[PDB]
Amino acid sequence: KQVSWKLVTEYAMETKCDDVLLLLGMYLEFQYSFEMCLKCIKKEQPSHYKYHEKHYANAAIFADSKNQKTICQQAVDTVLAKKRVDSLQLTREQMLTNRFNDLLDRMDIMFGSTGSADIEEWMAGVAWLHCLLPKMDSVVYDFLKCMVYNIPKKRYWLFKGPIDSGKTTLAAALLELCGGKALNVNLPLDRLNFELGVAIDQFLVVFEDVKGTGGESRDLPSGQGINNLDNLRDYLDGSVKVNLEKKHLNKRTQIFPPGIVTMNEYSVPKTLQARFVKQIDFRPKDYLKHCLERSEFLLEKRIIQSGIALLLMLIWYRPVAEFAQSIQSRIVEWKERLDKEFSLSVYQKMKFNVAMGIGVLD
Amino acid sequence: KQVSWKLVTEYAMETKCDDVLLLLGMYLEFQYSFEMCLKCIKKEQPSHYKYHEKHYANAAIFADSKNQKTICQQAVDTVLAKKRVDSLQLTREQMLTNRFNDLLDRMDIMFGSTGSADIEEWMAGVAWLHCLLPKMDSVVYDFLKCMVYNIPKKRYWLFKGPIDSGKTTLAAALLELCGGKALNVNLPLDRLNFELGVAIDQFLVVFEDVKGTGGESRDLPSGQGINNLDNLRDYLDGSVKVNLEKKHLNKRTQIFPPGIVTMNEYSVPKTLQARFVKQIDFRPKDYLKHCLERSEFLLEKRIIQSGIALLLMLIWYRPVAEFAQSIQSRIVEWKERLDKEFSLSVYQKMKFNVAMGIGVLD
Amino acid sequence: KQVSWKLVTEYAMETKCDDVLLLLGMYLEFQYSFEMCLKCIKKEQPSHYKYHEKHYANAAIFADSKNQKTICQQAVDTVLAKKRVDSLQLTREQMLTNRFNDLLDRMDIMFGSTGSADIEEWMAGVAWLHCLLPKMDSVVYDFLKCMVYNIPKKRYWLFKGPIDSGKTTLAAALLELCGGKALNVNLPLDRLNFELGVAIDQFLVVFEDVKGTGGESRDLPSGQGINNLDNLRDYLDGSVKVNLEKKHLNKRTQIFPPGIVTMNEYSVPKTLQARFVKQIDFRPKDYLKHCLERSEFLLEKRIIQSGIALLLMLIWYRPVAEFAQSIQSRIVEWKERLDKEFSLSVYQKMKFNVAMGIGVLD
Amino acid sequence: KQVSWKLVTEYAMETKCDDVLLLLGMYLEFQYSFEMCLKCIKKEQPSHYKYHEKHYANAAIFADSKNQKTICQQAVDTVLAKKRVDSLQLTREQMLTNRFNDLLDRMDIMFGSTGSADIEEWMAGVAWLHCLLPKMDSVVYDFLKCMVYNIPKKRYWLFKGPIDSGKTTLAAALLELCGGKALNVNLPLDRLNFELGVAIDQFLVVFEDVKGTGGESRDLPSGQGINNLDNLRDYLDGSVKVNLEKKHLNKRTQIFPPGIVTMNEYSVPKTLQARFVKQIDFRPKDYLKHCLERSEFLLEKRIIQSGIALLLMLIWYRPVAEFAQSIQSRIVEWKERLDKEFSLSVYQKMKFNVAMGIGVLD
Amino acid sequence: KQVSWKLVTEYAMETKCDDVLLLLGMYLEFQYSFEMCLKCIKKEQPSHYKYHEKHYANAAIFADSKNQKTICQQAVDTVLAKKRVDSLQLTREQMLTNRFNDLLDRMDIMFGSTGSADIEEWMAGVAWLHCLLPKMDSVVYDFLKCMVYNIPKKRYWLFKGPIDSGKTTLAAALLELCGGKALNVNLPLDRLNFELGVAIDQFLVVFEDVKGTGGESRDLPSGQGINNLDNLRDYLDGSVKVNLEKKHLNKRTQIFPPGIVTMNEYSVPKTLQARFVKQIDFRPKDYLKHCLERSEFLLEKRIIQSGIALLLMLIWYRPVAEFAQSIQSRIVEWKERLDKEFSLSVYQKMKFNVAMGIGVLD
DNA sequence: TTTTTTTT
Ligand SMILES: Nc1ncnc2c1ncn2[C@@H]1O[C@H](COP(=O)(O)OP(=O)(O)OP(=O)(O)O)[C@@H](O)[C@H]1O
Ligand SMILES: Nc1ncnc2c1ncn2[C@@H]1O[C@H](COP(=O)(O)OP(=O)(O)OP(=O)(O)O)[C@@H](O)[C@H]1O
Ligand SMILES: Nc1ncnc2c1ncn2[C@@H]1O[C@H](COP(=O)(O)OP(=O)(O)OP(=O)(O)O)[C@@H](O)[C@H]1O
Ligand SMILES: Nc1ncnc2c1ncn2[C@@H]1O[C@H](COP(=O)(O)OP(=O)(O)OP(=O)(O)O)[C@@H](O)[C@H]1O
Ligand SMILES: Nc1ncnc2c1ncn2[C@@H]1O[C@H](COP(=O)(O)OP(=O)(O)OP(=O)(O)O)[C@@H](O)[C@H]1O
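Listed in order, the protein sequences are those of chains F, A, B, E and D. Counting from 266, one number per residue, gives the positions in the first sequence under the authors' numbering. Counting from 266, one number per residue, gives the positions in the second sequence under the authors' numbering. Counting from 266, one number per residue, gives the positions in the third sequence under the authors' numbering. Counting from 266, one number per residue, gives the positions in the fourth sequence under the authors' numbering. Counting from 266, one number per residue, gives the positions in the fifth sequence under the authors' numbering.
In short, the hints are calculated from the structure, not lab data. There are no misleading hints in this set.
Distance condition first, Cα-Cα at most 20 Å in a straight line; then the derived DMTMM-like pairs of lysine to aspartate or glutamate:
no.	chain 1	residue 1	chain 2	residue 2
1	E	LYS511	D	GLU510
2	D	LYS419	D	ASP495
3	F	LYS419	F	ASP499
4	B	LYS506	A	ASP429
5	A	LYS446	B	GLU510
6	E	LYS566	F	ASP502
7	D	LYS614	D	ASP402
8	A	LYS418	F	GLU558
9	A	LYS418	A	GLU358
10	F	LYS315	A	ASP351
11	F	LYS281	F	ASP351
12	F	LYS334	A	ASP351
What follows is a list of derived Cβ distance ranges for each label pair:
no.	chain 1	residue 1	chain 2	residue 2	range
13	B	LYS446	A	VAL597	44 to 54 Å
14	A	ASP551	F	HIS555	41 to 51 Å
15	D	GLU309	F	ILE592	49 to 59 Å
16	D	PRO549	E	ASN458	25 to 35 Å
17	E	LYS334	F	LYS281	18 to 28 Å
18	F	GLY462	B	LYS446	32 to 42 Å
19	D	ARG357	E	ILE520	24 to 34 Å
20	B	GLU530	A	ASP546	35 to 45 Å
21	F	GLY462	E	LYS334	18 to 28 Å
Covered stretches of chain E, going by a simulated chain F footprint (3 or more residues, C-beta under 8 Å):
no.	segment
22	289–297
23	562–569
Every residue, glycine too, gets a C-beta built ideally from N, C-alpha and C.
Required output: the full structure, derived from the provided sequences and hints.
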């Protein structure tokens, strides 16, 4: 005859929600009967229909409470506490294990009985992506190994090119894949003091196509970032600890995470060059767009920005044993359906419709 | 007995109120008898007279409680929470369809028994507005589609032309028809990052005054607008989610909305030009001013500015199937109602007067 | 026994008070017996002596309470809430009608039994100010109409002229009449952003001595205001709902009020001038100064710059039907009073003394 | 039947937790059945499996409670209170003796049944560090006693050597062993004071990379460092208290702690030279870079940066009497353990392997 | 039973503790039995062992409070309130008498039977300082009287002479004796406004090492602070009250405190020279330098820095009558104690050794 | 937390 605060907490755990208003807004829906709830009937959203019928009576009494935001705040605190625990006890390999499970859990629905997606679209996706550079699957598996291990110095690859050279949209799917974020390294000095606080608890950090002053001799806007890598001595090795701030109040001490440098094709000297111990580059190879613009759903669905395509790329082109061991059955359970549905010729079809700039579908 | 907090929550939901002071003011009105209420007799506000009798009982107890702003805070939090659920979960088309239901429910009132305006004059508004630029109902439908599918790069159009060319009059009606928001461009980014924060969930946003180059002949300056938009070279398209600031609440990393930029005439970099998947050209038509000069209620009652007038245009022009798929019974009902009083000959009699710069009314 | 919170709230409505400290200070005074209250017996302040005897009974029990500031806080919210509902729902005619009722209430008090100033003196002010310009009375009415209708791009009047042309003297009386506020755009361009925020929910605004540049050719200092108004163009014509700022607060979004600009004879780009309705150029005249010299009681009582003096003039110069229907009864009452109080020989003697540069009384 | 706040307070004390979320999260884990607990079974995290049983019943009741965060804030404040009492009351020698127990605890975990570490690899790092400077153990012992006594003027050590000559490494190891912080002083002269706000209540500081001037004749980029130090004699002499700029807060007043200075081979004023107790020169050596080049696990596991290696070195070389009388017991235990785990030939060969520049292990 | 908040407030008063965490931490220690308390047994900390037995019974119940930080805040605010009362009422003479009573209590502990110090080593310091300036004891007594009478214009003292002439040593001893703060006026003109806020409610201030202009002709590095002191006239003169500010606070108005100024041999404008009462020249004395190294326990223990040392000099040299009346009783007992410990021959032997340049103890 | 501070 009172609200059970624990049931709300369990719902917050099961959803892994951490926004007090989202939690409140969704949980109130359960006060009407699940039996008539159009959302329950039409199978619209997992985070509703999976739970409505369970939480129903408590949601009704919840709708009569007077403390509603208070309950919700404690629930949000539970999930933030859980995250804080995990972020300090575990190591990067378990983190990755879980993060992949999450993506796989999603694919398990998207292409599942909802019919809400056909994976073939993403197959055309991976086919485009694979042609970005040789064995992109292997380039990624190698990058994964690196920034899992977070070994000293071996912590920063690079992407070069001119502008409009894919290195941003590539980084997007990798930032997605990791839970990383990026740097406006060109900022002015006191802004530059406190951009850095983004790095708090981040898996990776990325340099946003850093700019050389006088690069306008190459029509490159002559921003500050490459000079600023002079001051940024040690963060790329990450072998001494630092403090961090977002201005005035948001502060903590940590090691500076690894990640990826990128630049447009300014010059770079040894003192800065070696700081990103590894390098790669890409450039516009317009037929690839000619496929996309004849495969437009790839971009309408921004698939070439999404990390789930990278996971799918890795799934087919990585041997099942290469994975973390515990999950590896799920890898088989997906490998099965790629084995079922695709000949490697049909994989190649897409990759070379791509390589022609021809629309993959035919 | 006691104040039902639930009943207040309902009234806030019903009204979709989200300012705590407005809500408190509204609810306290009901504490007198609805039986005698002048505002009810006057039929002055729907948000009052529809509800006064229903809530009178609970308003009586509400008036005595020593805790009133706590009730109203929780109610306002409920409405904010509702908006946040939808922010994530709705299709863009459903969002737009809700916006239309709201507008149509006002047109019920204005042109209803309240007599508070006459759609005669608003359809003269349609006549005036349809004279602005060709096929205007059709051009609007193209903009709506581009915004609903929200496809990469296919996200922004530019309005360009001299002063008193209505480019902003049009932009204003489009913001209303969506519920969009507006932004400046002529600042250093540091503060403007917070102004951009207004976008933190908006279907549509608009920028004005590129402050482009050239212009010294046109009586126009160059400055930070054109400096800034090209500097964040993708951000307007927003291929990638990016962090965004609001006071007290978290900084939000999200896709930036689609919409419009408008300018008096300057050069446009081909880079920036390529983000504008359309540009549309505006000019004076002094006879339209003369029609307005002979049709001044078109500005006094702000009809020429209203998204309502664009919605009216789309009603009396577009075929019923082009709409969203649930609401079409509304669309049919208004199309029928219109020619209970209009004939296309009289609708052209307005277009007649308009094109001559003659006053619409006879 | 117990404090009645509603009786406190009624007094805040009755007084239209909205500072917590002012409200608290007022109500505490009711604790002593009105039966002896020296303020009552001297009839000093109406907001006291009108109410003391009613509120005394509740004030005694309030005087003991431990909650006091919270009782006051809820009341101040109730008044601020009433203002928001009103500002969102009344027409500008009704708002202005309310303003006149408040001013007329003060006038009844001033010339009541306390009688603390003489109507003879205030009419010298009326004579003095109708003297200041041709058809002064009618120009005032024309401004009020414009503020009431708030016709877009017909929203601002320019007062231009040297120092001691009286433009602030006129503008101050206009501002007291409509209850606007004053702003200073002669600022660093960012400071405008908080500064212009004071217009939130105001009826009218004035900008003071908006500086151009190069005016030292005619001994004027040079400055920013004009160029800042060029930046502010959107706010001026009242096209669309811009938004406004406060410390520790989210923005509020609305049309920006109509208003006055005062200026020395800088140059103006007609691009800007074209956006006024109308202008008045102010031209100093000797006899006014001699008149004031011998009429010192005018300035000490601040008469010539008070909106009370303007209201008196309209009661004199205008026909009854020009005012709104509700107040016309009070208008008739005030016209009736004046006609007992004066003869045109008296008022003509005043204007003759003013023309003759005498002290106004003889 | 009710939550014991005292039991949470014990846990917070025993685990020395000072983050309310870390505390909240881990305590919540205890609600699930201890008898089955996989974390306990896998003996994974000491802070769990040592405690889960004792706290279980109270943790279950805590899971219901409506007030969880308040309990945790009280608990955390109790821990912070302990740090303040200890900070103000202990001798420097006791503070060090605490840090030793804290690290020895962690070693008992690592090389215990948890098996998370291999003591042989850790002994390999000790040899490489020991070869970095002659008589390294006695150098380190001298340094520690110097910090413990903190005899004024006799307070600072100077590390000179070319880049990639290890001076950053050794500083980092020392700083981890003692818990100080580090400072940049190539800043311009003003905000040095805000920088020095860092030092408040720290045990050590390190001045990294102090730029001289004219060193650019040897490509050493010139800057503010040296001449900033030549001001600061009083801070370095440690003779009397100084004041430090915390941002947003008042200055606070204390003895400025001892520390380490590092540089490439800039020239130094005699005035500054005289403040150091002792200079250590560092030089790059081929066999070391070659040995590191082979012995990858050292760097992957960041062995040579970590203070655990220094403690192992002290234990391996130095008599029990040299350690604080209390913890000598743990020293004796660790001596016996290490002796059993390493016959001298093992260590001697490993050190000889370092000398060859081959991998340390054969 | 329930917590006595009164007993906490008494403890906070008697320890004069005004840090909430320190108060909390100290009180918590008492919760264990005083009978066995090792801190009591070893008499390590007076604020514990004097109090543990008294407060024990309440410490237990406090340890069960769910309200602990509130009890502490109320107690701590009682300590803060008493200081505001005192500063706004006490005579400067009584302030000094309080300050001596505090110092005399430390000396009772410090040379107490458990104390670490010995009176002989400290008296060696007194002999050395009496050599530092002719008539040293009288100079101190003159300075103290001047601070107590605080006579306008007749307020400020100048210490002048080359680096390593002991002026900071003497200043620090004086500053401990009286209480006060350092300040640094070498800043640029604006930040001074916060610097000077440090003076708020202080008894003394000391201006560190003000730098002049052109002294590099004598190697003296130039700076702003001399010219700033030109423009601090009313602060120095103390004739009228002034306004002071901190961060994040509104200005505070008071008489600016008296104090000391320290500098190298820059030339002083005759104007500023006129504001000082007294100039004292400090010059190097190599025979002190030779002595000091032979007497290093003075530096090691910071004896020559301390107000404690000065008070021994005063107690030695000056008549009992000269001290403030109440503490004369305590003072007599210290003179008696000192006379027991040293015959004048001991003192003579020491002081002779200093003058010889010989270790102060033969 | 933002605003003032911090910064420039
Ligand atoms: N290999 C490629 N084939 C086809 N198009 C490409 C290729 N590389 C880049 N492009 C074009 O570049 C566009 C933008 O790429 P991206 O956002 O990654 O740029 P970027 O190199 O990171 O640029 P910037 O340095 O300016 O931020 C893509 O949408 C695509 O049109
Ligand atoms: N196509 C048009 N032909 C003639 N007059 C027009 C036209 N469109 C707008 N007007 C006139 O322009 C006046 C101002 O319109 P509006 O503010 O929309 O102009 P704008 O050119 O879009 O402005 P801005 O310079 O701010 O971009 C209207 O009141 C109307 O009289
Ligand atoms: N038209 C006038 N002719 C002569 N004297 C005037 C006139 N108007 C005002 N005065 C005198 O000048 C004084 C100042 O008037 P007011 O401040 O309104 O003038 P202003 O032109 O608006 O000045 P400013 O630009 O300095 O604000 C009045 O108090 C009165 O004494
Ligand atoms: N004595 C040495 N001989 C050769 N290589 C060395 C030596 N000491 C360190 N190294 C290499 O130099 C790298 C960096 O070491 P470290 O940062 O301690 O040097 P540093 O002289 O302080 O450098 P810097 O002044 O550039 O920061 C080490 O990780 C190791 O690879
Ligand atoms: N009269 C003196 N003659 C020689 N050496 C002295 C003398 N007085 C002090 N010293 C030495 O100078 C050291 C520093 O003393 P102190 O800080 O008081 O000097 P200072 O001249 O006031 O310095 P600063 O101006 O740098 O603050 C002392 O510890 C002592 O070793």
